[PDB]
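The chain that follows stands alone, in the form solved without this ligand, written as structure tokens.
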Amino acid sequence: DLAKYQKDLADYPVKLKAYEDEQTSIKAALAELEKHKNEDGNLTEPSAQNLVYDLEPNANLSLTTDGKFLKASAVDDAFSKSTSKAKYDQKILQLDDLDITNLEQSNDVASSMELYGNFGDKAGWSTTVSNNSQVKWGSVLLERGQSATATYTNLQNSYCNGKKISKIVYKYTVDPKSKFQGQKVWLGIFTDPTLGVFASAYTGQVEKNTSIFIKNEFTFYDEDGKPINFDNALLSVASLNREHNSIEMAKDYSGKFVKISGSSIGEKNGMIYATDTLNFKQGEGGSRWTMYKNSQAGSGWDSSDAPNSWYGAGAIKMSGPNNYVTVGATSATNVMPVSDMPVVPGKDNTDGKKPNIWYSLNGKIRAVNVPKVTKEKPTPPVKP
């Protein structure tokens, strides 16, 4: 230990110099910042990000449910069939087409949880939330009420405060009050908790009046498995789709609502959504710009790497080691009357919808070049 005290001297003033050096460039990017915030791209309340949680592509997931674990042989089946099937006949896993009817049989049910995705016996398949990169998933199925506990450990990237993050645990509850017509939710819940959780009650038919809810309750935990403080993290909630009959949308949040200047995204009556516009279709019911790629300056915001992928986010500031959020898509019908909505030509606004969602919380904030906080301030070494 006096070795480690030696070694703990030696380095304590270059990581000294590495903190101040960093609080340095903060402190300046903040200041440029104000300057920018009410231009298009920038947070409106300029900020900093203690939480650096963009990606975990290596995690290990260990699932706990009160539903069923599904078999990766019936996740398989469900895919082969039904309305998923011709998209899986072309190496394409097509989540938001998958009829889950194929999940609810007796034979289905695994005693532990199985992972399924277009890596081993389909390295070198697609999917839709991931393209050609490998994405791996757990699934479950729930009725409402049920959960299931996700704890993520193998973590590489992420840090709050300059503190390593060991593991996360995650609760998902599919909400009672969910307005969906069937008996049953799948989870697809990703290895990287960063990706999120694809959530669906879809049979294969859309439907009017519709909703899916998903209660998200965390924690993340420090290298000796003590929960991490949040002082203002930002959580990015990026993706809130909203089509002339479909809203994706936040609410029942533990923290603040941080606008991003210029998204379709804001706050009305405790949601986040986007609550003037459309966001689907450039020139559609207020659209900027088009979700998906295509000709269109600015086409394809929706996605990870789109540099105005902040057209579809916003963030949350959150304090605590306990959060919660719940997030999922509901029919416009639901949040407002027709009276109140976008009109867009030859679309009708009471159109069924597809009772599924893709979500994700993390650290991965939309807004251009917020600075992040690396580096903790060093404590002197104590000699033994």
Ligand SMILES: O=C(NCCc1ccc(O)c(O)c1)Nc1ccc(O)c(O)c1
Second form
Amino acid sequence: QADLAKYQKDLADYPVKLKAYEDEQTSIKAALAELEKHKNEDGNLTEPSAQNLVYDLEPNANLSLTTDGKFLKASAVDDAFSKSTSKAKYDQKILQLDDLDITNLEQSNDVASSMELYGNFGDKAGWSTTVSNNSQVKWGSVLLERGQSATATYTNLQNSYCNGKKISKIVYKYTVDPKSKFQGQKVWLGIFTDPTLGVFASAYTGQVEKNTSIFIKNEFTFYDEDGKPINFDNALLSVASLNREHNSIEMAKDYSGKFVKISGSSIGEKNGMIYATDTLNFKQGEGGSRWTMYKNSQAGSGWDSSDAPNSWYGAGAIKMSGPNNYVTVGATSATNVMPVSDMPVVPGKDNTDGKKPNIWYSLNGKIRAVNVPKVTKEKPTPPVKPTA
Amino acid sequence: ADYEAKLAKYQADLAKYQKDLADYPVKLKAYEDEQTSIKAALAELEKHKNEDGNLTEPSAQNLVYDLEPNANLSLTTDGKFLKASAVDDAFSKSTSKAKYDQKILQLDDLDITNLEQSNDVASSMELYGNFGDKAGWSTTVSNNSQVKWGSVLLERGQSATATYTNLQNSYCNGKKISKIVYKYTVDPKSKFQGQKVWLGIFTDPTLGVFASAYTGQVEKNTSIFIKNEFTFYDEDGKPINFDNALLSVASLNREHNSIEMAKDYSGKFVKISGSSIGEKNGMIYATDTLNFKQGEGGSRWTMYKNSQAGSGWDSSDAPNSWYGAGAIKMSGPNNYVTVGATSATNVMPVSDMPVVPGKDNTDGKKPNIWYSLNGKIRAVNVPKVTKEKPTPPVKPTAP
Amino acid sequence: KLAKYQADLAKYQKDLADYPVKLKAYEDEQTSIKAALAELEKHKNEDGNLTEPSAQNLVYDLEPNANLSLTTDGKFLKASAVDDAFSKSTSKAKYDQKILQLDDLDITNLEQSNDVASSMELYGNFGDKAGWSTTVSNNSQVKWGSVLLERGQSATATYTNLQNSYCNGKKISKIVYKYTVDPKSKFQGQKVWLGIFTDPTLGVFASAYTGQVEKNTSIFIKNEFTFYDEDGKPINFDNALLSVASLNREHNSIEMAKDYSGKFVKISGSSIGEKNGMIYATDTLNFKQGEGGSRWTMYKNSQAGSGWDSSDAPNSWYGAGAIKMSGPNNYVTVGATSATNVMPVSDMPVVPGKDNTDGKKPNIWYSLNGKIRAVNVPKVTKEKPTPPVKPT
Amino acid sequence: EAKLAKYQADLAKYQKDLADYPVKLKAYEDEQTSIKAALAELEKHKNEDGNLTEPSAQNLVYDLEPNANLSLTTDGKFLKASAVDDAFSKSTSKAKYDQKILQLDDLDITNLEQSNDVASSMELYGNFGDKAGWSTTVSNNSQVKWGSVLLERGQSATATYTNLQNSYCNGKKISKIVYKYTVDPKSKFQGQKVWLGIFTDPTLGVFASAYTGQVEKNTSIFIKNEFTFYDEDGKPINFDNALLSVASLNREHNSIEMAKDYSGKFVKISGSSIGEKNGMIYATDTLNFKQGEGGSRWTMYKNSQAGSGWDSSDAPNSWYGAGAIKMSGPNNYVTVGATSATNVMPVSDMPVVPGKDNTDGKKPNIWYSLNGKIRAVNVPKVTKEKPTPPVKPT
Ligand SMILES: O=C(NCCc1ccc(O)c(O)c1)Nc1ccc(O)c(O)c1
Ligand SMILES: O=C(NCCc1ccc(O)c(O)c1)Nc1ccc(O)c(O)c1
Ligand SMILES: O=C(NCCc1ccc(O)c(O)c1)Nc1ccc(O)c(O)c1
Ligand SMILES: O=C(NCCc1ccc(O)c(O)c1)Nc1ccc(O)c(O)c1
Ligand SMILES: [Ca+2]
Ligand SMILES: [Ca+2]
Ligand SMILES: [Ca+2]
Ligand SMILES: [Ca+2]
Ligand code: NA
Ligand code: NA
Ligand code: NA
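Form deposited with this ligand bound structure, per the form solved without this ligand context:
Zooming out: every chain and molecule, the one shown earlier first.
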């Protein structure tokens, strides 16, 4: 049919595609050869590896959402943000997600028929958030009980590829782990339209909680332009911003694939859990922490930043394969993880202090090790000429 | 005994040392006199810092970088080079065709859909503009003055790197600039509906770049943003560490429905007194008024020249150019800034916007922008630092 | 009470000692005033002279140290909020040059709910803004309290701590002055910012300006005032001359007074006259020399006689008139209006290059005081003294 | 025959004037040559300490009039020498009074506000008569006399100075000066009255005080000065680029002495603390009270330190606290006063002196003078008028 003109163009373009593929392969192999000489230096993967999951930022993605919980009205999200422990920041045109008291989301009058978006856009453009400051973020919100879930279909992806195949759709299921130890009965899930931004999960009702935890199970499958699942092939899933304070541990567990250590990172694997195993990582000098997670006077501080060079201090990876992968990410009181005997002691700070049962987390391909070569080009197949 | 070759070397170095030593007092006196003049000028400018067109904090300009019409441009990219054939063809069709048929290259009317075919791709950069068989044509850049640009087609995250050489008039803190390496990257946060961006990178580095995602229709809630990372090099190919250099961020147009801005920049914002341009939330733009038409949206002057006094401020010759300009004080060898255009609704709510009768602030805009980053600071009477403090020559030791 | 019949008798002794001096001062001031009026009757039709010669018994020119108290049925505005509004929108530019440009203030940023205060707060080029400039009196210090009013709403100002002002020789100790937004004003918004200056002779700035000029627009403030003496007793004006000044008329805008007690008094040669119960530039503009029949330019420039719109300008009278007033309670509405609201385009002066239908900002600065702009008007400062009474 | 005698005496007076005309003309031409050479020389030193930035001669010779006679009118109250002396003997003043010192800046004017303090005519007071040998803060051991008035805001006193002996303007002898002092209504002193001590020597200026014994925050006293100079014939003398010395503008950490609302143009002395900003002449950028404090180069009172005592009438570095006003025309004016620093600028903008509160209250008083004693160095004086040849009587 008219297939022969697309064959002509594909054939004219095949040598360029092939040379690009071979050049990138050459560069990747040279980069890995060099990285083998620094694999035990700070910020490097201990086992050198390329990244074939190019998946760092999708700010223009469109989000669709199903749930067996309740959708929340954007009105209700706004109202809850305007009250209780968040109200202060709300009055300074700041959306403080970790201060949101979800008690004001639990009325039945707050429930919507479909997902509605909220964030620092629209009539709140120019506000900033705790997620990306004044960069614009939008999220749909659901209210879940233990065991209930929300399924997010992200489309309109523009920058993400898997071993050179374009990722056109991501279907992600967030489930509230029933073994979570939060004192409340509901969880607010703010699912960002950008899938690389992950989710904010909160059972916070305005007071801190001892021996508490919130854990979200994540099951995801990636799809190409044909709606065909993409089988991961030693893809590197970035698990980053695993903060550990003196009284709180952010961790991942129950995951497919193999933990991948970043050399010099506080994050390691112990008893099937990925977290800061031996030191804190909140403030320099406290509990063996090398750097401060927020920015201040000290050099190397502010590592809990997406663009921070020493981001890797709070990050690790998971080597994954297959089309369906999963991992549970959450926050838990230190006492749930280990006895107080085993804990680092920080002068003036009680390890038994309560913590807010909330967490912001994301799972993407933005691996935090340095000089990780990306696999962006697929080996092209020769075009076939159509039959007349 | 081949200590004769070293002896000839030593003797010619000993004559060059003697000439350098003969010229050192003159160089030192010139440097000290320029320092005296600059300090007196800054002391004088401190008395006008709250008057129209003056820097809020008086400062000298040690980045002499306004004019390089003869520069040579080489270009790398991870996108696709565009043939001059293809650029011409795209200019000859669609929303651009009209002006093309009047022998005018209207860059902001170019529909880049006719640049997205693969037969349009070249293996190396090709130049296009109002020269050759199009000499005498007009462009929206410098009217009929001759301009040339190379073209690339990039997706989000892709980039083009421009090496400008053959520089003739540019200096930084008195060190002559011999090479500029400049990387233009398509910001993935751009909100244009397409997937491609045409970059026209002008051979004159002071002319900046034209970026366009325009496909023939305006777009609501749209934006195009280009990240710029640059390093300047001297005669020896050694990077030049900026020392409070003033990078002019100029012609930041704000219409009723669209804002041109700079953000994510190294250095600190430098205000021009009375300018529409200020800084808010880490972005440099017309924060509180428009600057398109006198009387519309609080703007003091009209950007195009007409009957009204002070109009045509969006020109290079315009004495009130500073009305649409600001600066960035920068230091270090590697500097960066993202410049772009975005629909007003992306920046602030309609509640907060200036109201212009008869014009919808939510109107779509073309996702394109022309911008340039140079040393042509638009404040008035800014003294230039042209002379570098000389080091005494060292005597060579005999062989 | 036995001690007071010695303090009143000691204060009587001094009152009796100065009564001859007070009486001599009164009688010569009377002589000088009568001679001045006799002379002025010979120039009453010369430029800058009152058409009907008259003395000024309202000494009321400058009260920079007066204290201002304020009630309202509108909303008080926080000084913080006023500052914030000045820092934004059409004023921001001048604000960043340490200038408070009152006629450029976009009052939309005063209409938020946090902007309201429980009591009047002062703002101006004082305090942490000392050394700043205003469009009111340039580098001189001015302070004003601010309210946000709807049509028909009002603010009442009590000025005390007056130091230099007198009425029929009687010292003025208190002025009560009510500003009301005329509901017939045609501005496009629903709110008006009132900046009421602590110096009552500086009047008020009224603005409905929202960042855009407006066609067929107007802002009008009703003024009802009563003056009080030391004993807190109202003072009955007796042909007092109220100066209605700086009535600017551009090609598209007319500043005027109307609905006033008393009778208009013309200054000979002034652009200002009375027509259809309104006091304004009746026949010519007064903005630029040669434009619309205007003799002089209101701002200072190249031309002789320019800069008439100044307190110290010798030809200020070109934009001023008077109102002869009597009684204790007087009133007048002052405002600005688009020329199209006053007369058809048929009747308007034609200025090449300028559209008479151009929109204008719905704001105005005005003041009503005793600084009559006619020349050589003798002032009545001395009261005829009453003989003291002896206590018993 | 009765008028042929007058024609003969006019013919001898013409004969005399004609005999003196060549000498007068040669003297004038020689002084013009000397002044032009001096200005040519001064232009090469115009940016050195103590020099006028734009070199100029001084044609207002007006330094010293100790024998001048003063007459005074007012719309306020004349003060008796009785009352001035009594007030000097009491309150914040009394101490210095007991050591035979008249300390004007310590005078509590509260004891001038009673009614038998009032006189029908000006009366003089000072370190003369039974107080000869006393000291004043004006000229210390030199004899000075002043008449005193009590004014409210807007009230004024007009001084006619005659019997002038040493002062000239563009070569014309000054025979009379009429000078009006008005209390600026914008003054912020807490009081309601001002004492004006107007010295018989017009070059000594005036002392203005609203001081009632306590310092005042956010305070100010300002006196408006309007003056016209007259020649032998009673004709006003039209100034022609005369230099009016605006001097002793002291700026402490909490107080600024300044001039404003002036006819003419400000003239800067190179290296002086005094400059012009927003139409006001004062120490614009540094204090000038004590060396090292607030950027001040020298100490205003005399002590050990070199260059100190600059606030002196003879001090060679007088120019450190001085500027000038180039004036023309017959009627000139300027308002001089003292004001709390907070009235001029925010504390943010103020020079910082450790241990000293910039918001401290100050006494609302000031001594100032406006004369021709220009404090820049080597300013050539213009003493000779171009003479006109006499005309012969008929
Ligand atoms: O790395 C992070 N998060 C920084 C930690 C943080 C910052 C501020 C807080 O207020 C806060 O609670 C936590 N964020 C990120 C975002 C998007 C990504 O695509 C991505 O790959 C990583
Ligand atoms: O240097 C320039 N560039 C030309 C701007 C322009 C753009 C598109 C056109 O179509 C056009 O005609 C002109 N003029 C300028 C720059 C910076 C300024 O702040 C400013 O106020 C004026
Ligand atoms: O002296 C005043 N008021 C202040 C002067 C002024 C300052 C800034 C302005 O923007 C402005 O409009 C007016 N009234 C006056 C002056 C001149 C007249 O011809 C007259 O009739 C009244
Ligand atoms: O010499 C004078 N005026 C009299 C000095 C004086 C004033 C008040 C006193 O209380 C006092 O004791 C002495 N004027 C002057 C002096 C020094 C200067 O640097 C300058 O610019 C001007
Ligand atoms: Ca975290
Ligand atoms: Ca532009
Ligand atoms: Ca007016
Ligand atoms: Ca002094
Ligand atoms: Na975040
Ligand atoms: Na251009
Ligand atoms: Na005014």
